[PDB]
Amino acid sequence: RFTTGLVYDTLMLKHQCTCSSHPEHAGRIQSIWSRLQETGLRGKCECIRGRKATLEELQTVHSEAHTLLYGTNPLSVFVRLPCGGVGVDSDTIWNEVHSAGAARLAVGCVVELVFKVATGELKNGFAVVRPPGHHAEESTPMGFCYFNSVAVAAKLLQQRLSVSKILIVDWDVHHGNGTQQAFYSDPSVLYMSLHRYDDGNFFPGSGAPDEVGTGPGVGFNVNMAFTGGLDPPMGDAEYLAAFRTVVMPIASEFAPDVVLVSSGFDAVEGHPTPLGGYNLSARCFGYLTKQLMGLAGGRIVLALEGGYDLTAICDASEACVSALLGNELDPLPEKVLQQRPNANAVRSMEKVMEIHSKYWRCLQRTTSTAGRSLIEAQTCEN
C-alpha cells in the first residue's frame, strides 16, 4: 500500500548506560512511538521490520577498524564516566553488551525505509531511530553517534539502486560533521546543513560557510551557519526565511531524485542553552518537511538524530509524520508569518549566499531579499 513508512524496534531501547545524566536515552524513541499511536498515525502508516546493518554496508562510510570495534561482539579504547558507566568519550556511552547491535540496527532500519521509498514501494518515510549518526566520522565516534546511518543509506543508493543525484538536508541544531566529511568531494550528493555555528564556538565546532567542497564536489556542500549567539535566539521565522533564501533555491537547481533528512529536533523549544537554545516550535517542522516534499517527486525520508526534551521530539515527530502523510497542516501563527528575521540571521544568510553565488545560478539573479518576513516576501513577488 503506497503510503508513508515507519521504522521502529524495541531492541534499540537496550542501548543504555551501564548505570539519567544522559540526554540521549531510551525513552526518546519510546515516547515518540507512544505519541504516534496515541494520535493514531502509526495506524495510518505502513510499518516495516528492520535489520542489523552488515559490516560491509557500514564500511561504505567508516574504516574497517572502526566497524570491527563498535560493530562486532566477539569471544580497551573504553573510558570510565563521571556517572560510573562505560563510555568511549566523556559524552557518549557504551554498553559492551547491547550497543554494537543497537547501533547497527539504527543503521539497518534507515536502509530499509530508504530503499523502500527510493524503490517505489513507498511514498516517503520517517525513521524512529537511535542512536543518532551524523556526528560519526570515518574512524571517530562522537556526539552520541557511532555510525552515520544517513550517510550509509546515501552511499548504498549510489552503489545498489545507482541513484544519480542525492540531497541530504540536515536540520539538527548541530552540524553534521560526519555527513559532510562523507561526501566532501562528491558532486553527485548535495549536503546542506542548518546549524547553530557562532563562529565555531558550538558543538562540534565545524561547519563554516567557507567550507564548500573539494575537487569535483566543490560547491556541493552548503553550510547554512547561524552565527550571533542567542540574542535573540533563532526561531520559526528565522528558519522559514533560511529555507526560502538558501535551501529551496539551491536544492531545486540541483534537482535531486532522493531527499534524505537528518531530522534532529534539538532546535525546538525547551532545550537547555548548551544543547540548543533555539526557539523553533514543533508545529514548524511540518512546513519544512512539506517544502522538501516538493523536491524529488516526494522521494524523501527523515531519520531521527538529536532532540532531547521528551515533549519536544514527540510534537515535532507527529507534526513531521502528519506532513509526510498529506494531512492539512495547522496554520503557523500570524505572529510568526509577520515577524521579520533578526539581524544575526540575516548576516548569516547573506554570508552564505555570498560564497555560494559563485556556484549557483539563481544566487546570481537577485540582490539580498533575506531581510523580509514571509508575508512581506509573498506580497513583494506578487
Given for the second form:
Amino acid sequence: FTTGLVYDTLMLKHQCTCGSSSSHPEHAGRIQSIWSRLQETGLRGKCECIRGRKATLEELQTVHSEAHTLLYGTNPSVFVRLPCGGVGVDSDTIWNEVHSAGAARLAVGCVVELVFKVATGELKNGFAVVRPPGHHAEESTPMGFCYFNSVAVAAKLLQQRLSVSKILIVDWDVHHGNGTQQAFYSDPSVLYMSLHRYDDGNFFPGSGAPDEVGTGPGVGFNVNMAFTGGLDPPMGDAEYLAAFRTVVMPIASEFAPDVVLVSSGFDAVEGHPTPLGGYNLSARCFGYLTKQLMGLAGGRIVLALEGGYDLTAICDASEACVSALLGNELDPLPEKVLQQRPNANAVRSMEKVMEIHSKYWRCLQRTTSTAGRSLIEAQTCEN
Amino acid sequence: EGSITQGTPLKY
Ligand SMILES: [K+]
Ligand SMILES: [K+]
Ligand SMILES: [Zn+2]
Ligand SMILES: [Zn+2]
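With the form solved without the partner chain done, generate the form solved in complex with the partner chain in the same format.
Next comes the full complex, this chain leading.
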C-alpha cells in the first residue's frame, strides 16, 4: 500500500521580517531542503502526493482556547518588538503579521489530512513535511517556535470524527513536548510517550520529569523517557535503541494502539549545536526507530515534522524515515553501535523511568533491568 | 524566562 507525503510551499512564507536568517533556527529552508532531498533521492516518486488544507478554527479549538485560535489563526497586545526588529510574542517565536496565520493553520491541516487518509485506509503510512512545529504549543501559550499543536489536533479529531479508542503518540524530538502532554494528561485513551533530554529540568522547556505520569483516569498513560546527566557522554544510537527495547516498545505493545502518531523531531541527530540538542543520533538510527514503530497498530503510522535545525541532519533523517515507511531494506547498523553498551547516564534514566511505570504496565518486568545491555547482548539472552 | 535557542528552561 502507498506511503503518503504532504507538503505545501505556503508554509515557506512563515518568516521573520528582520532579514536575519541566522537569528531564527526554525526557518523556511528546513522543509525546502527536506522536500528537495526527497525529490533528488527518488523517494517522492515512490509516495502519493497529498494536498494540504488550512485547519478550521473549530478544528484548532479541540486543543486550543478560542482566544488563542483567533489571535494566531486570523488577521484584522501580546505582540512585542523583538531585538532583531521583527514582530513576535517572545524572543524565540517570531510572528509575520501577513503570512504566519495561514502557515500555522496549513501545518495543522496538512497533518490532519494525512493522518485521516492513513486512518481511513487510503494510505499505509505518511510523513508530513510541515512547519512551524507544534508540539510545544499549549492551550493558550505559544512557545518554542510553536503556535498550534498539529499532532494533538489530529489526535483529537481522530476521536471526535472516527471514534478511535487507542492512540499512541511517540515524541522523539529531543525537546519534551509539553503541549502534547498537557492536551492528554487526563486521557487514558491516548498514550503520550516523549523521549527527550531533561537533565533534571535544566533544558528547554524544563518540563517532562519521569514522575509526571498523568492524572485522574489517565494516570500511567504519560511516559516521559527523560534522559539526565547532560552530554557526559552525549546520548548516541545505542542509548536510544536501548530505550526502545526496554521502555518504549514494551509499553507501546501492551497499550496496543489503533493508531500511531509521531512527533518526528530531528534535533537529536548528530551535528546540531549543543544548546539546540547535543545528541549524536545517526540518521540511520531514526530509520530503524521508524521501522520498530511500524509493527504497532497494524502499520497505521504517521510521522509529523517537529524540531531539527541542521539542514544536512534533517535531510538524512527524513530520507531514512521515508525509506523505512516505504518498506525499503535498511542500511545495516554499524558494529560499533550494535556492540556498544548504553552509557551509565542513560541506564540510570531508563531504570528510573522503569521504576515508576512498572507500577502501571505489567510487561515492564521482563526488561527490568536489561537497560545496560548492548543490542547484541540482548539478542543473545533472548535466544 | 527561558529560551529554546539557548537551551534554557522556562522558570518562574
Ligand atoms: K520529545
Ligand atoms: K495520556
Ligand atoms: Zn527576526
Ligand atoms: Zn525540538
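Numbering follows the first chain given and starts at 1. Whichever C-alpha set is largest while still superposing within 1.5 Å between the two forms counts as the rigid core. Shifts are known only where both forms have a C-alpha.
Once both forms are fitted on their core, a CA shift of 2 Å or more is seen for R365 between these two forms. In the core-aligned comparison between these two forms, the Cα atom of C83 sits 1.1 Å away from its counterpart. Superposed on the core, the two forms differ at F147, whose C-alpha moves 0.1 Å between these two forms.
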